[PDB]
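Trainee: Okay, here's what each chain looks like letter by letter:
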Amino acid sequence: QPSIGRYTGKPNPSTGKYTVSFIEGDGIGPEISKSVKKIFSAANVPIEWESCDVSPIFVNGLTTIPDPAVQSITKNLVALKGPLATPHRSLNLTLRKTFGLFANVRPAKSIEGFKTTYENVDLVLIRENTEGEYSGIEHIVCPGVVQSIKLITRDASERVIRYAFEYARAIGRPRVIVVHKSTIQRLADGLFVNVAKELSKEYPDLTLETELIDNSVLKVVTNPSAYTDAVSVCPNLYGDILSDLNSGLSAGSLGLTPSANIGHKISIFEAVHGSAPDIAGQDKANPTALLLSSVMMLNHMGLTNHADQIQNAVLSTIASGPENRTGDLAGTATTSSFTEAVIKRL
Amino acid sequence: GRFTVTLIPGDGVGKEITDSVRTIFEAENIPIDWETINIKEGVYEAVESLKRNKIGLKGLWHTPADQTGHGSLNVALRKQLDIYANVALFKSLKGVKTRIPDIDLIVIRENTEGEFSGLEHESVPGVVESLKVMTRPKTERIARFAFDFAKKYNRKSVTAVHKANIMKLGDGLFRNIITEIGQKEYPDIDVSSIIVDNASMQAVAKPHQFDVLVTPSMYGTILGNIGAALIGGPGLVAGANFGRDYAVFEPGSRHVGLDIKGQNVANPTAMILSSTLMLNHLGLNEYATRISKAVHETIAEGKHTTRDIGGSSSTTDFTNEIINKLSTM
Amino acid sequence: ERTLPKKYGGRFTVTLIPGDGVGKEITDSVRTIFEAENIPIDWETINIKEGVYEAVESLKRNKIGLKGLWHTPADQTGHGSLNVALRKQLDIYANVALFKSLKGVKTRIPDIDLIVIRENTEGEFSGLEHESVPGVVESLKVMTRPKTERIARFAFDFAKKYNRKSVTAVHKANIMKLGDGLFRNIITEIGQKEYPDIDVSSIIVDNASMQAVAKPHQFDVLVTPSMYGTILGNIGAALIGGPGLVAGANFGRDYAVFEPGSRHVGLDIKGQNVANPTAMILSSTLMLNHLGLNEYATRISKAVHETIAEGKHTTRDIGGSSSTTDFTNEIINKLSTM
Amino acid sequence: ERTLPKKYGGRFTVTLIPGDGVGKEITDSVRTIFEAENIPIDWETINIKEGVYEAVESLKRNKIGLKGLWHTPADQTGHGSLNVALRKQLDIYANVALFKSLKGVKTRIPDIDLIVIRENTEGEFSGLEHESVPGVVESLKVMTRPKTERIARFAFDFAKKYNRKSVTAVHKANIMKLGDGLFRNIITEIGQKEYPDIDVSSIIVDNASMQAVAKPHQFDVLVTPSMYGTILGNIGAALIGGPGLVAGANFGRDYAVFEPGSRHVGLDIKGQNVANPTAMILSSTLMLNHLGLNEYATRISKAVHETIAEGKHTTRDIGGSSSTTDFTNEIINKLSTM
Ligand SMILES: Nc1ncnc2c1ncn2[C@@H]1O[C@H](COP(=O)(O)O)[C@@H](O)[C@H]1O
Ligand SMILES: Nc1ncnc2c1ncn2[C@@H]1O[C@H](COP(=O)(O)O)[C@@H](O)[C@H]1O
Ligand SMILES: Nc1ncnc2c1ncn2[C@@H]1O[C@H](COP(=O)(O)O)[C@@H](O)[C@H]1O
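Protein chains in written order, with the UniProt record's numbering: chain L, 20 to 106, 111 to 369; chain R, 27 to 65, 71 to 360; chain Z, 18 to 65, 71 to 360; chain H, 18 to 65, 71 to 360.
Please keep in mind that the hints were generated in silico from the structure rather than gathered at the bench.
Warning: the hint list may mix true and false statements.
[Said to hold, decoys possible] 20 Å max Cα-Cα, derived EDC-like pairs, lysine to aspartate or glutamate:
1. R/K237 x R/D135
2. R/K41 x R/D290
3. Z/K24 x Z/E61
4. R/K215 x Z/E72
5. Z/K24 x R/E216
6. Z/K183 x Z/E171
7. R/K183 x Z/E61
8. H/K41 x H/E52
9. Z/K24 x R/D276
10. H/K199 x R/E153
11. R/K182 x Z/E76
12. R/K215 x Z/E171
13. Z/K128 x Z/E332
14. Z/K24 x R/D113
Modelling step: build the complete structure from the supplied sequences, incorporating the hints.
Mentor: Next comes the structure, spelled out in structure tokens:
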């Protein structure tokens, strides 16, 4: 697994198991959550759940995250959060800032037995989630004039681009593409690109390509598969858009998309769909999203065998046959029946 | 009776794709004379020319990515003429296999501002700031252009693409000014907002929900290329740039085709179609209505079409089918 | 500069309001002459009971317009001018009518050139009236210094710009000593301490009406409140041939709307293609000069001027037998050889 | 005329903002001299963390004010000037400080008379700053043509009104070629095509600082951005005796606030009655001249001018041994015999 965000294992010596913080989250979170707990149980995962609550405090007007949850998550070097609502400083933002998360990993692959307009889409994108267009820095320079400031540093760039080379290696993809726009953002995007070009050399097994978002978006939409040996790295904004785009190609929404937020020693794995408050409790949610983030987590932890088990078989395979599936995929099954129907081929 | 239009072939398939238009033009004996220019900083002479003639037809220039490279000079042209509005036309064509069919959307972007403002510096080594400017005047301008455009071409919906949830001042201002002046002027038109990333997802998955999209420089490049792909490719997209005094017409997709320069494989549909846009502009348009039907029917009519659409014909051959169909109208 | 006339890469977007009566035909004449001359303007054209809103809203975008006249009811539950509504709502406060005789037209007194500037928003057009007890009606006529200083300067400014030597205020100040009094003073007052190069004078509306009909050459520019301008206007209209030969324009600070200077709807001859478009076209040329074109204006005015001077092929009311259609085409024809 | 200074049957209502430090005492001095001269003005007086709102709101009613200085923290969680807040929120964009030496005061270079006009709302006082990565801080200094043309004209207008022959722009345009460049140009540029009777020139801020200290008589009027004005200001303050002798005033389009020209709080000597009110009083006279009184102004200035020239009975910092209280009463005394 990638050297950069390395898990420091250590199963809890008293139990055979590893400790993982949950964060069930709200809305369809609870149901989607225990759905995962059950499937995990069945496969005999070396994992005990230490669920914690990230409902924000407000130390110094600036929104902070509760000590209970901090201690828990800093301890077990990993957590798996479901969706949460919109409670004075982005909840997700103060979540990355307090745990040093700096890289968003977003895969979008076609699902077996769910037909969308685009086919054979298997995409992987790493996004810088620290700086870039999304630093808090903007100014009113005078009456009707505003500056939003895009920040790009070598330190922040280096460590994302690394995780990308190392992740591309860890999943056996030859090519790694740096999406940019050095064309008109000479210095900003130029630095990003050079930093990749310089790192390129200490990863000779991978081939580095450079592409303008221009083409990255043109080419991916004309033919998604041209990047099935991908791993694309890019600064915060291009990343935020391309990843939400990639998901649009793979599934037409993002109710199937898993994300991984890698930090230096910590790392959080979440589903990117919302809290779906109106379907909450009625048992219609679709664990697949969070479930795949579980797999991502497994691999990040080193539990290859279990991950491949829960992914290659189960869900991925049980999402074949409309008696299974959920309402969101034409299927008729409940969150309930999806989970047992999954564990069968588990 | 004779217009004198500026012609800027530019880099890549530029030279070939322009020629296609010339040929179709003299073969239709259209009363326009090209003043044609070629060029490192003589982007001056392009400006100076356009300032005389007011109207131009151009391909794309190439832009370096290296540090000591010169800088767009496609944007230089626009900034120096304050041709602030870009219009790209993404309408699918009959004889072209596309994944989602019957698609008709327009993307209007601001040309001179936003992330194309080209202000950047390195404070200490390894730390770079790129400043993105957004100003009320330049924004009210494009906002009205978009609505005016939507009214003129009976478009019912106008949507502002932004990232105002994160860049609350920059993109915020943009989203407000647009919706703000689509409500107290242009009340007949449906104004709305959409976040650029989510817009990107709908565009690829369910594009029919969009009509007209107004965006700052960057988001327009992105949604632009989504639209370009959606309809077949960069060779099918008509484009035009508008300032108050001048108008420059170019392909709506904005690709140089450096790799296939001189190979006569290129597709001139883009160039020709935006060339027709120019005719409608300077009032001709009997010709425009004409020579558009020509290319439209040509490509719908299976083979004899150019490589990238799924044919095996060369730029040369495709051109001549148009001039041929045209000779019998 | 969100305050100049709508323009996109060399192309103005002007408002077009055909309006009632021969309006629709007389406007068309201009359209045809315009595209036949390939003039870089695009019409945003509107049609309409209270959508006089949409005319206003349009003009507020484009700043410039070209219009015919709407019709106005005389009955009690009729809607009200809405020609004046348009002007009041845009504060297009100054009307200019151009009464200059034309070469090929038989008129009782020839070689006549006078201008009538009237205030549009005030005076007897203020539309304030009530019935106290049954059978007793009061119509209030408002006159205010601000609105009056405004028109006064517009008139002088206009006279200076177009090298007019004399400006005369028409009034009834001997009877309405406050209302028309104020008007007469403010005009003469600010023609003396500003614009000293111009000859300012007064004339009583009734006596003005008599001189106008009998000895019109004594007048140069006439400034009047809403009513007297309608009256002197029609005298001038007759003097030169008729309502079909009179160019007109309306000015506010921000907007400008160009219409016929005579202000008749021609309801009776609607759709008959008998109408005369000289009025519309000529005030259409006024609009070109305005938005800076005017190579075209100088052009297409000479066209119509020569056309009507050149005997037959002219339209019914001037003494010809040609239709609106035919007259138009003679202009476009003469134009195609300039 | 809801835009002149608050006035009711002959009585102005002026805003009074004592502010921090010797503020409270130095203002009182003026009050006393004012009622002892029975000047027809009534103080609306305000005291205050973010009620800098109430100061603004007051001044917006009365249009005119008289104030001392507030204190400003240097710590990170401190609130921020709110002396500048007052000015920015009222767009009182022009500061005038008057450095004219006084007869009874020992100064190293005597007979000195120069004025420093600074822009209040922009420059390095724009208060835009951020920390990109830890330990790296950028402070953005804004300079805009509109705000700069404004101060430029104010300065020349001022120089013309008070028969000043020379106006000099202080800048660092050789290094900050865009920022200070723009400033230097716009000034010299519009001192040449307007105000041709006045001698315009430039001087580099550092070299200006050196001449000011060594050979100040060469300067007449100095126009500067926010920062350079604080610096040249204090040079001038020292040159004539100290911060207690400097009259000052702030101007916008609509409002005017009068304060000491030197801008020091005197926190250390608060409540000690040792302070010198010459500054406050003299800029208080500036305010009278402003709201048209000035019989009083001409008066009570001669009072303080003669008082301090007349040796002892003067306050501590000038070289006397009298208290604020005693100095005040000598003025009111001299005044009672004029
Ligand atoms: N004239 C043309 N006809 C068809 N495709 C083109 C043409 N010019 C450029 N392209 C496409 O656009 C891409 C060029 O983009 P870039 O790599 O940015 O130069 C190529 O992959 C081509 O497939
Ligand atoms: N556009 C026009 N040009 C010339 N004469 C007109 C026009 N419209 C109406 N007239 C004449 O004026 C009379 C009716 O005027 P009105 O008051 O507009 O109904 C008719 O007898 C027509 O001869
Ligand atoms: N009323 C006053 N007259 C003369 N000097 C003063 C007065 N108030 C304060 N100062 C001086 O200005 C300094 C205070 O300014 P600051 O450094 O801003 O606190 C003190 O060192 C005093 O010596």
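Trainee: Give a verdict on every hint.
Mentor: Verification of the supplied hints:
1. R/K237 x R/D135: OK: R/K237 and R/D135 at ~12 Å, within 20 Å.
2. R/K41 x R/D290: Since the Cα atoms of R/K41 and R/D290 sit roughly 13 Å apart, the hinted pair holds (cutoff 20 Å).
3. Z/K24 x Z/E61: The hint holds at about 12 Å.
4. R/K215 x Z/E72: With a Cα-Cα distance of about 18 Å, the restraint between R/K215 and Z/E72 holds, given a limit of 20 Å.
5. Z/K24 x R/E216: Measuring from Cα to Cα gives roughly 17 Å; hence the hint holds.
6. Z/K183 x Z/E171: Holds, at roughly 18 Å.
7. R/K183 x Z/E61: The given pair, whose Cα atoms are some 8 Å apart, holds under the 20 Å limit.
8. H/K41 x H/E52: Roughly 17 Å separates the two Cα atoms, so the pair holds.
9. Z/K24 x R/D276: 7 Å, holds
10. H/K199 x R/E153: With Cα atoms ~18 Å apart, H/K199 and R/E153 stay inside 20 Å; holds.
11. R/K182 x Z/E76: 13 Å, holds
12. R/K215 x Z/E171: 32 Å, violated
13. Z/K128 x Z/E332: Holds - the C-alpha atoms of Z/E332 and Z/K128 are around 13 Å apart, at most 20 Å.
14. Z/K24 x R/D113: Status holds; Cα separation ~13 Å.
When held up to the earlier numbered hints, the structure conflicts with hint 12 and nothing else.
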